[PDB]
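Heads up, the chain below is alone and in the form deposited in one PDB entry; it's given as structure tokens.
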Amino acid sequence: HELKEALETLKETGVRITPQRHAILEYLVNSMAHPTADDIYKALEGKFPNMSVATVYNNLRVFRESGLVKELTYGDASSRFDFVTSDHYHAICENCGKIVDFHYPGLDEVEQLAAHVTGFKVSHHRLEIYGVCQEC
């Protein structure tokens, strides 16, 4: 399980798992959205009455640092979060902004090709597909 593994990964970097830090994870696993802190907040305010939104935004910043989630920094504005379940391409709606998952290998090529044509130690690549829902 993705819970099981992730929970051990926290232990590994030190991070102790309080009941709320757990609740945030279980949510990130189950919710096949790409939620923002506030969606996590209002979903979990439960239940966790004394937890602030910044605190969500902090736990997430912990999880990010220990490679248990990616921060979709784009853009503006508020930030979205995936879960490094891996991996993974993003198709976004130009209108509502929803984020269907989808996979496509491969893929390299560049890495490999550009590495050739530019003389660059290629770290990784980012690929986004844009369109519309579903309408929306």
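The term rigid core refers to the maximal set of C-alpha atoms that superpose within 1.5 Å between the two forms. Positions refer to the first chain, counted from 1. Residues that one form lacks are left out of the comparison. What changes on going to the form deposited in another entry:
After superposition on the rigid core, the Cα of residue 125 moves by 2 Å or more between these two forms. Relative to the superposed core, residue 45 undergoes a C-alpha shift smaller than 2 Å between these two forms.
With a cut-off of 2 Å and the rigid core superposed, residue 116 has a Cα displacement that reaches or exceeds the cut-off between these two forms. Identified as moving between these two forms on the superposed core is the stretch 86 to 136 alone, made of at least three consecutive residues whose Cα atoms shift by 2 Å or more.
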Contents of the next structure:
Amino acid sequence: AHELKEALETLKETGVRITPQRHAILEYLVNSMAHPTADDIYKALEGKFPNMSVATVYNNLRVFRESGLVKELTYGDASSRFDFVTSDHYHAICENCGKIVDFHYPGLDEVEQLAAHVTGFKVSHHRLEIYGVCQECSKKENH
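Follow the form deposited in one PDB entry with the form deposited in another entry, if you could.
Shown next is a single chain and nothing more.
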């Protein structure tokens, strides 16, 4: 999975050791249909891993979350589930020259929450494309 590759990329980038246990936890998360609980992951991995406690599952999940790879979804007095995240993108596109500039924007939860309302979709991530005319082509057209 490019997904597993890309998550490991990020771990290594941080100086996070890429241990058998981490590699496994993450691949399980990538392969997951719903977001699993720690207990789900632990039980899927225990056959292959020896030493492995439920504690180390949580400890590694905290490490993925600080690295931005997982979000812990809490349910008051329940077991969290852990969402292996796909990231959102925002691009502005020049209709004249075709240049793309990436920009950051702090989420679009409001939009995601309603689209989920109107469509029925369980939303994972979004790509926003903004069309227009870049500065350098503005000058030439003249604005």
